[PDB]
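Enquirer: As a plain string of letters, each chain reads:
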Amino acid sequence: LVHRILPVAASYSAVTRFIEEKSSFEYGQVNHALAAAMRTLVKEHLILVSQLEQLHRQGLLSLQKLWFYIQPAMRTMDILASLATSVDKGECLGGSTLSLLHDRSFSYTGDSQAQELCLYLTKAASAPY
Amino acid sequence: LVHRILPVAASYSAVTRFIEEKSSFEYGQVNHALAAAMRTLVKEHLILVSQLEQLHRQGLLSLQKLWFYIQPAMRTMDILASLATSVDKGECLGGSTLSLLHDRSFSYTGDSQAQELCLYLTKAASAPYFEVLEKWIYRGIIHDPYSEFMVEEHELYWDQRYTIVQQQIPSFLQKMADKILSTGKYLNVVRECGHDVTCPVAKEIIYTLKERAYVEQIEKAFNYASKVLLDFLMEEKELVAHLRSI
Amino acid sequence: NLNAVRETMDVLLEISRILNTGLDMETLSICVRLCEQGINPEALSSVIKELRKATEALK
Amino acid sequence: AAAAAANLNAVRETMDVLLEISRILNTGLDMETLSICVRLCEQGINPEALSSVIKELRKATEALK
Amino acid sequence: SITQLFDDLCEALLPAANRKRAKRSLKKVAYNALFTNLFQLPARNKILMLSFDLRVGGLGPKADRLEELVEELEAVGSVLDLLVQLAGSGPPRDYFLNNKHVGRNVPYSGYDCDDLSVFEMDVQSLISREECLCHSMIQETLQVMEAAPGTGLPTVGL
Amino acid sequence: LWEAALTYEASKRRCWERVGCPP
Amino acid sequence: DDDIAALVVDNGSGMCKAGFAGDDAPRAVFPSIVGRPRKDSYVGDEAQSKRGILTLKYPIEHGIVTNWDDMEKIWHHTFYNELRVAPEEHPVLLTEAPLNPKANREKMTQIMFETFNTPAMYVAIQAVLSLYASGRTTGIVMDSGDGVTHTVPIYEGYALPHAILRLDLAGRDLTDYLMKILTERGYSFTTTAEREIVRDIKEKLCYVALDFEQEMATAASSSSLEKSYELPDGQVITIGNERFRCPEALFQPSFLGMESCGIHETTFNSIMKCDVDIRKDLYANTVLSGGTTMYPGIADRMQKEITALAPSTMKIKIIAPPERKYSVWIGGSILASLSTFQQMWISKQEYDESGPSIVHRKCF
Amino acid sequence: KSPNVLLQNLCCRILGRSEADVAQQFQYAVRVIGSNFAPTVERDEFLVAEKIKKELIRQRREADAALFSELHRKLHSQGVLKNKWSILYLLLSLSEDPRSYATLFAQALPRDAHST
Amino acid sequence: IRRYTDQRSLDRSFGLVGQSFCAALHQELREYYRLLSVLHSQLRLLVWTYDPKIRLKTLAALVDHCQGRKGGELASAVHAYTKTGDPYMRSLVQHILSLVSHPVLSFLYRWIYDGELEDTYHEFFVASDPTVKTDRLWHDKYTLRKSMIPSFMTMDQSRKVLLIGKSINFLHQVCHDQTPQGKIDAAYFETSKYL
Amino acid sequence: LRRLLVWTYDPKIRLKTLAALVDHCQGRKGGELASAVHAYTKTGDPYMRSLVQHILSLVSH
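Chains as they are written, first to last, in the deposited numbering: chain E, 259 to 387; chain C, 259 to 414, 427 to 516; chain d, 17 to 75; chain b, 11 to 75; chain c, 3 to 19, 29 to 51, 64 to 98, 107 to 123, 130 to 195; chain L, 282 to 304; chain e, 2 to 39, 50 to 375; chain a, 7 to 105, 113 to 129; chain D, 304 to 346, 366 to 502, 531 to 545; chain F, 364 to 424.
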């Protein structure tokens, strides 16, 4: 059961290091706002963890309830982790990074959940560009 | 007393072997809703067994009380294990099944206990069939991929494109079986000429016993289909001038 | 006019959805089509609430 | 009754004491307009909103005078 | 055909049950209640009185959105008088709720946590909705594990 | 409502036996 | 009903309509004819076929009963043949014309209670029952039947008798002007069937005008208002100019030759002689009526003349259905079905203690 | 009364017009009063009392500043005014004279240093 | 069901229609976990589990039968289950059919008017032909792939649209017209008048 | 609130930005300070950029 839950944790642990590092002066002017617009999707992940632990204090929360709760997150956080490592792997800063995202904006356009993250992130990230 | 309670357990066993055998598309696309309304009575049966479970946990169920509780549903579930074991024997499709289910709304007239159950079963199995009847009566196509409707379309025109299969007609449409074919053919041939195919009456058809909404709708479509064809002939590409030139 | 009144009916749907009006989508289409002929809407508020009581009395 | 008319006495007195307070600070509201404002203040209402709306409406009866 | 639009109105409110003799009797109740009321710009103002009742429980820009649309509808008045008659038919997330972690302009506002307390109720309503859904799932099965035969079963009438 | 009722009348005599604004 | 079942009979001028209360359609409709030897006293097909030794007579002429024996004959043959039910278990609703004299009404209730013996009964104005089908309890009704016509004001269950305007113009005058304009053009009339087929031609094929100036102005420049009729009897008549001027006779009354008032001045005079305080309340919903809707298009004229009549401080809220022809019928059917309406019904007890004449007082 | 028709009465009082001649001012009133209803700052009657005092000292009236203090006494003797801070803060804001810093005078505390 | 919907969510050769098939199946399995929460709190009961034994039967039907199909071969294998007369199965399919149809109707908006689809795996009936500079593009650049025709289009329906999809793009790219049955008949009229 | 980690996420971005200009600026008097805080208006983070264009509007009075 806990082996099954580990992927959303792995898809969170590799996004926050990205958000720290790619918001320096050393990383583009698209990468600045790219990591800064991935803070609005860390909102959700922090809120879910907090609201579950407070019910656990009162005896109002168990593991089965968690495993039932977290199914949409296991998809969306995986998409965001893939975006972070895909920008990381190539040395792209700038218009090259905005073509790599332009590929991703068609790789989901019919799922209409895994498009919307990219469809908001692309228009948010290229404010200076 | 065990052998008094046991024939109920046999008359659910041959009710599930219908559901998991008439959920097959090959066995019929009209027998699907026939065995989807043998699914609701199974839900009622399961509710009965469940109420008995609470009675049993607190020591309030035993064989005598159990035998009182299952006795209204002993005859009722025996009716399903009669139709189920005869429809299964020999492939029954389309109108022939609905004829076998308009013969068990007449095999009982005394208590009326099983007649009403068969009436529900045959008014629920008429729902996929009446959509194809909403096709052929008010259009000039038939669309049924499993092709168990009373009128078969042929791929080869005035008596060959459509033929009434006489092992696929239901009993309460027997007097109206010719009118169905006629009403459809009249629209299909003017549909070959471009023109309107649509009948203005095109509402959903419903079966009733000792009333009608299905002896009337074929005639409300006959009196459009055989009129628009005549007026098309008489004022477009004239039949008045053609006979005189003969 | 029916092009305009079809769009005026879709915009009238939104203000009854965020105000959480008891009327559903189809009865709004009947009542706008009735109101455009010209009927006092102040009489319409008395028929609907009692006609909806009398249908539940059958049930 | 009687003690509810004695409450009517304790409200008719306060409505005159505020009327003295209104003229020594010389607000533009007469007793009729102040009568709407005291009922509003009973329900609990922000005076930082109300004074802006009064300074708005008084700026529109001297613009449409 | 106005005389049929009252016959179509009683069709939507009539669910499954007959439904062709009930339709005739409900056609009567439509007319029979029309003259009970007769025996025994202030059009947009009726919206603003409900727009006040919106804004008190929060949800400010939503009420500002309601007034943009009555502004284009008065730039049709007989429709709104039926819409205001009910304001409830209910039971008997956004990042722009609070923008404090992202955005462009941000003067530092410190903390309040009164914004967080109406952000904790944004959470607590979800925990009260996805629990009552499961409370109508255990109700549906404890009403079948427990009962006596004859409560709502049609086959016991046979 | 309360300032509608506020305009009520009262007697000229003031009590020598009640104090606390006798009407 | 609920306690003792009501029945509804509307004896129109062109047809008799009978039926049971709580029935949308009338249970039986037959033509208006009463036999006599020139077989005997029949309502229906045999009397129409045997008009060579039968005397054609109509029971109701203008809204008045031309022969009282005739009215009793159609009433008796309607209740016994096209209903076939015992009267002891069924009270009957009878119909009458607006502004009918009190002595006529006393005689009507007396003749139904004694020579026919009802348990309980009611005698009704037609136009108010027509208004009750449109849901309102107030309104001005412009009622033009096939021989009976009034513009009746009614407001809240009561009609001012001083302002009920009886109107000459009807379907009687319609067929009179039909035959007159056809012989004026040149056309032979010799029998009853030519009158019937000309009335059918006005019912089915004829355009119902909206002005005299406008359609004649479009037809004088190019006649696009011609509609072809090719008969199978062997006759070819086709004129579009005659058919829009034929129903024009209500617009200006001298088109027919009639002395009596026109329709717009009639509805004007009725709303003027009805109350001033009720005027806008009357206009809050105006109602259509009249059997003359057999070609639809008079409905547009009714809304048009009522827009021009009343002062427009409001978009006209007029109720314009295609239930206009049978509005009288469905009004009687819906009211008599209800149990509360038995409080407006008159019983045998009231007939015995206060005489029949209270029918003029209790209902109007 | 409901509060909305009370705002309507207020907008019929200041303006001479009815609510059939204007609907923009009353909609503006429902815009500002709604979502900012029922006090959320400090509401003690002592804080507003020291600012009408400040005003009457500046107008050089020592008899009226002590007449007020007895008008302030009578409100406390009866005690029928439910919000003594609000209606006096309102009258203080609409003050005008009969005839550098000012934020170091008393201001009502905002109470965003506490979740309310 | 868990195996099939998890493997095909990382398959990149499953299309943009299979990534929607999978989305439908994920959302259905979450409501099966809802059941397992409520049942776990209450801790043979055959009755409780026969109602999911039918829902699971139909879901295993749709998943196992539609194996090794993508494109309009998958929008015509899940549109093989509303051709039926079992009203319990038709409604269950009408939360999966709606999802799979949406990318297909997205591509048919870029091939009834301006736009183009080019990817490694086409889930549409066009097989675009790269590197054609000749004028032989009249139907010989956009082949009608019959295997990806979905079940709600006939022969006349899937071939008329490529007569509307070829033409408008052709107008832009050769004639220098360039830009940056409810629907089909009007577009037929429009693009023919343009041509 | 899981030790209030949801609520300590809006600052420590403000506090970090006001912990870099309070480190970068040292012995900057006059226009060399308005040319060493104007290297923080070139930031591509729109949260930070509008905060330091606010600081500099205060500073260069």
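Read the hints as simulated data drawn from the structure, not as lab findings. Fair warning: there could be bad hints in the mix.
[As the list claims (entries may be wrong)] Derived DEER-like restraints, expressed as beta-carbon distance ranges:
id	chain 1	residue 1	chain 2	residue 2	range
1	D	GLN310	C	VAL435	44 to 52 Å
2	c	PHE50	C	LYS490	38 to 46 Å
3	c	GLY147	a	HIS82	18 to 26 Å
4	b	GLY54	c	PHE50	37 to 45 Å
5	c	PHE50	e	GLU57	42 to 50 Å
6	c	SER165	a	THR129	37 to 45 Å
7	D	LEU427	e	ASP3	23 to 31 Å
Every residue gets a Cβ at the ideal spot worked out from N, C-alpha and C, and that includes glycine.
Enquirer: If a hint holds in the structure, say so; if it does not, say that too.
Expert: Quick rundown of the hints versus the structure:
The given range of 44 to 52 Å is respected by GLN310 of chain D and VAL435 of chain C, whose C-beta atoms sit roughly 46 Å from each other. One distance hint, 38 to 46 Å for the beta-carbon pair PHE50 of chain c and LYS490 of chain C, holds here, with the actual separation near 42 Å. At about 36 Å, the beta-carbon gap between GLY147 of chain c and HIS82 of chain a misses the expected band of 18 to 26 Å. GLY54 of chain b and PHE50 of chain c have their C-beta atoms about 42 Å apart, which keeps the hinted 37 to 45 Å range intact.
Between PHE50 of chain c and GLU57 of chain e, the C-beta spacing of about 48 Å keeps the proposed range 42 to 50 Å intact. In this structure the supplied range 37 to 45 Å is violated for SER165 of chain c paired with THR129 of chain a, their Cβ-Cβ distance being about 23 Å. The supplied range of 23 to 31 Å is broken by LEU427 of chain D and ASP3 of chain e, whose beta-carbon atoms lie about 57 Å from each other.
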